[PDB]
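In the form deposited in one PDB entry, a lone chain appears below as structure tokens.
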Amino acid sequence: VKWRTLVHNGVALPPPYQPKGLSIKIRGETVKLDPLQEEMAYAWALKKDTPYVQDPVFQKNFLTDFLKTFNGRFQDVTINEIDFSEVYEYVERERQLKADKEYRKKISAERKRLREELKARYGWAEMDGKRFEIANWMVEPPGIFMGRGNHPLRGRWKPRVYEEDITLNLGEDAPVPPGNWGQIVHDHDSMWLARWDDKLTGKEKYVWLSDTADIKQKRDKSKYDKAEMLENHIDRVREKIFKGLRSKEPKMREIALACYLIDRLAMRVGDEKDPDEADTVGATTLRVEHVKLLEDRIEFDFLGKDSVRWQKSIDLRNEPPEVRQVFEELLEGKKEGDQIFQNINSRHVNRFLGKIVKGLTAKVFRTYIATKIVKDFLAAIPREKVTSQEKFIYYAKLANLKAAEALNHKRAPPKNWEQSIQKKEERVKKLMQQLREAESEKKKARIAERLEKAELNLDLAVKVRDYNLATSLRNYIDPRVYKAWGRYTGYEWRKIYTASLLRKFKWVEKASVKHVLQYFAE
């Protein structure tokens, strides 16, 4: 049994939709939208400047749910016959409002306040007398469904969930929290707190405690899913970065420049406390002496711990004048040893990123970069060159090395590197001789296998000298790429990972890799 007492307050249900009295035109005919119809028309209009509303599968899926809200009429209307202009213009006026700086802060101040109030009410459970934080106590509002980009249900409506739909898991004598709950169960074999059926996909959705395997697996997978969603829309995200460089707010112009460094150099923000990256270059760690503004390029030169030198440059040819200007604007009147990015932290950068694509962050962005590098490297390898499990591992690690370079995970060489390389060279030379004196077939095969590992290990040890591969393998490389690599070639991809990493990526066993395997197989 996992618990004897379980006490919580249930889940927070999403607030009702507030109608705005909007209308659309169908075949030139003005239709005043009812609440539900307007709610879906508004969700459609929010996506007006995205590719999704151009996708024919997306459109028909939306229309399947949208037209049902007009029972009796418009049963055969297609997407071109609907004029959403009135709803598009409302969304524009909404964006017009948020263009004011002090109007954004007051809205964020109250949404933080309402969130802090609801978190004290719903965010805590008592299990066997111990008070635990609840991870996902908020029921998501209805909206348009989106998957990784090619989901067969993309564009369908996610219908609203009510208290009557929800099952709570509680102790037998725990008080039943307020609400018209669908049912109360007492499932001592389960540590979920609430559950309901997704009204579109039929998948059961569970509320879990924080810091459990279930919530860690779900959030881990979510980061890589967001990174995969970026693959199709990286072009639009870049243009929005340049737009932030043209901002009239100085804080937003600086934040946009940091994001531009993420896109072009995979440079971290600089304020993550975690040790595996804390000593590598980052935006907030850049100082005037680390950057020299030239005419043809910007050149970066960072001296880190153990005197490891990191040097990269950005080509300024064909780049918008805003990148050079905001750099100049941040460089003007600053001496050596002075910080370039003074109003930068991850919260500011991620808020700016979230406005472009919801959920987008620096960590997701660099995950997309690292993962794409690994994919492209592996995709270029002819299958005939992958002649054994050992060679399969070799190429996977070389790809890991490429992502380490892209994400600037440079390091000082291991202390006895040259002498370690010395000893690997003598072992392979020793192993080659023992093979040419080995006579029977059992020993000729066993020594050939040990030899093959040795020469590839040797070449690897030389190439990985200056780079820490573990950081990107654990945090920034989608494990579905390696699983797909294993399916494509037929070799065991699980040997790429330590036991700890196999636990962290347990969710990849169940996950589809069709998206990547199709790329490998094209």
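Residue numbers count along the first chain shown, from 1. So that the term is clear: the rigid core is the largest set of C-alpha atoms that superpose within 1.5 Å between two forms. What changes on going to the form deposited in another entry:
- Among the candidates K372, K424, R253, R154, displacement between the two forms reaches 2 angstroms at the C-alpha for one position only, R253 (superposition on the rigid core).
- Annotation: Cα of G171 displaced by less than 2 Å between the two forms, core superposition.
- Here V349 counts as shifted, since its C-alpha moves by at least 2 Å between the two forms after the core is aligned.
- After superposition on the rigid core, the Cα atom of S313 is displaced by 2 Å or more between the two forms.
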Contents of the next structure:
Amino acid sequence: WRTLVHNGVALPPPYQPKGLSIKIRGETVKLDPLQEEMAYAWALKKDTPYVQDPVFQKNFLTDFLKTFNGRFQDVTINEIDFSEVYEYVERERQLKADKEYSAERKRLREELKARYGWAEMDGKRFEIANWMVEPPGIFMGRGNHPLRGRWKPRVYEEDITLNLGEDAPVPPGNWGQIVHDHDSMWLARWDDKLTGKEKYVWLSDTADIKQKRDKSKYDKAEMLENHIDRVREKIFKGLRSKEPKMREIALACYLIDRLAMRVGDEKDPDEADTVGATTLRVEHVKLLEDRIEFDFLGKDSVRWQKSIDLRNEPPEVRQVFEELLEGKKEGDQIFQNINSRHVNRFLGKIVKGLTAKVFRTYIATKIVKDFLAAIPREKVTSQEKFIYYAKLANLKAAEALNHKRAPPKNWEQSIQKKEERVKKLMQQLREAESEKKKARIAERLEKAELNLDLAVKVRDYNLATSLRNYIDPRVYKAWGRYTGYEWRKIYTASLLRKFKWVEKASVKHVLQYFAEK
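The form deposited in one PDB entry done, now the form deposited in another entry:
The following holds one chain only.
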């Protein structure tokens, strides 16, 4: 770049003390501001599973107990009474759900965005992706990070170096450095004060930000594995709720869990014609004694059918379906009060960051993992067999996520052509005694035989949708490492660029699952 101007980064607001106390072994202790700021972060997690994790507890106390001037060094979490801090949190939670409004925050939120959210690079205006420096808080990763529960210390202007053009105005701030690095694209830089990792501020719509955001989705899905039981319990509790809006939302979430059905309002053309909760009409659903049948004919003339065996489903499932169908005509929409905002608000209250898209990524990724884990390594005899199994796993995820498609236009004859190719190769090598020739015919035979079986199996399904969007590429990198074969050949050049981040990423989480025996 030639010139680059921006207003730096927005630092978090200081913590506001509330005069709260805790009890340690019966002794009331008045919290200092930093003590209270940490006790408050812990309290905000009071209803999460993390505060029951002994590694999480020990890491938190490592930073917490250091603030007590030498006292309480051998205290454990069970000997601290946080109830005063919990009560403040619950009170603020109730107050936040009661102030239906003082909407002058939009002027203040918009004022920050206009001030810090835009950089001007070589005369052009560009949005900044991450201009807010996050406030201090408790560190968390995907579930097994060794530093989980440790405090992330507050970052100040002096820790931050800004990248600016030489003729740009130095924005207000006690910055630690202003560098004129025409070579590098980043806007601001600083070291994370817990992990030692370098933190960068990038323009929106850049390679670094999209790779980060792409990987973050699959990371949330991996984390979901730790919480899926609780999610399912809260979906069913929602179905039993007294509030009809809650029952309807919970039922849409039940359909995500059970059928991997999308919400129905996403506009992306890859899935816009597939079934979704909001496009279900009364005529698409039949409630029977032992099952619920779904039968949906889409715009593309694709008929999608699945059923749910009610034998071992909770009774509240049929109860809410009956409630929503009651009194409606066959052409009426079933889910008339649903959209992605309501669904993701419900899910997000169970697991922060959880959305329907993350949920379906977890589903598709688990299906692929479980399919491949069931294959004895001795059956994976070649690169072609490796690809074949990878694709059958992709197909299982496609059918699970309802990525049904109209058959390829000339599928009928192309199968005979693959059947012809198999036939012709079949005895082409039967009349060739040279083993160098009888070997390079054997190789294309199995490639053709596997490619034929695959071509029959994939006719009605678009595998690309889940391969591009819902299957964690770490599963296929791990499958490559587990078996020895070339997993990059599962992907187009385009998807290899999209998943460039997988090259550096650990696959221990998946590979340990394959290697269990």
